[PDB]
Amino acid sequence: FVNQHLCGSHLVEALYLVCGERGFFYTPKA
Amino acid sequence: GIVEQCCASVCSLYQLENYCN
Ligand code: NA
Numbered sequence: 001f002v003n004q005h006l007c008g009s010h011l012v013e014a015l016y017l018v019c020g021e022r023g024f025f026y027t028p029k030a
Numbered sequence: 001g002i003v004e005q006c007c008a009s010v011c012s013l014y015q016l017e018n019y020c021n
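From first to last, the protein sequence lines are chains B and A.
By the deposited numbering, the letter at position 16 of the first sequence is numbered 16, and the numbering carries on one by one without gaps.
By the deposited numbering, the letter at position 20 of the second sequence is numbered 20, and the numbering carries on one by one without gaps.
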């Protein structure tokens, strides 16, 4: 489900599910 | 950056996983 164009809330939701308990950083600005 | 690699182009598990802590 990750090999697609993931934008906005869709991308943060993928990070939330793949990363789990680990957490992640979302830096759009870059 | 992530938007460029996963929004503007197709993402991968490798890329997402680089943003996990
Ligand atoms: Na890409």
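Do not take every clue at face value.
[Unchecked claim] DEER-style ranges, computed between Cβ atoms: (1) B:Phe25 to A:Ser9: 24 to 30 Å; (2) B:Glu21 to A:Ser9: 16 to 22 Å; (3) B:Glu21 to A:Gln15: 17 to 23 Å; (4) B:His10 to A:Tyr14: 17 to 23 Å; (5) B:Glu13 to A:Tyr14: 17 to 23 Å; (6) B:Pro28 to A:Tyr14: 18 to 24 Å; (7) B:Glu21 to A:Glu4: 24 to 30 Å; (8) B:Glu21 to A:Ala8: 15 to 21 Å.
Just so you know, the hints here were simulated from the structure itself, not pulled from any lab data.
All C-beta atoms in this analysis are idealised placements derived from N, C-alpha and C, irrespective of residue type, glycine included.
For each hint, the structure was consulted:
1. Evaluation of the 24 to 30 Å hint for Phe25 of chain B and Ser9 of chain A yields a failure: the beta carbon distance comes to about 20 Å.
2. A C-beta distance of roughly 28 Å is found between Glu21 of chain B and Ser9 of chain A, which places it outside the suggested range of 16 to 22 Å.
3. Separated by about 20 Å at the C-beta atoms, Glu21 of chain B and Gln15 of chain A satisfy the suggested range of 17 to 23 Å.
4. Between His10 of chain B and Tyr14 of chain A the CB atoms are about 18 Å apart, so this pair conforms to the stated range of 17 to 23 Å.
5. Taken as a hint, the range 17 to 23 Å holds for the pair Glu13 of chain B and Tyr14 of chain A, whose Cβ atoms sit roughly 18 Å apart.
6. Under the hint 18 to 24 Å, the C-beta atoms of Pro28 of chain B and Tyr14 of chain A, about 19 Å apart, fit the expected range.
7. A beta carbon spacing of about 27 Å between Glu21 of chain B and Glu4 of chain A agrees with the range 24 to 30 Å that was offered as a hint.
8. Checked against the given bound of 15 to 21 Å, the beta carbons of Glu21 of chain B and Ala8 of chain A, roughly 29 Å apart, lie outside it.
Going through the hint list in order, the structure does not satisfy hints 1, 2 and 8.
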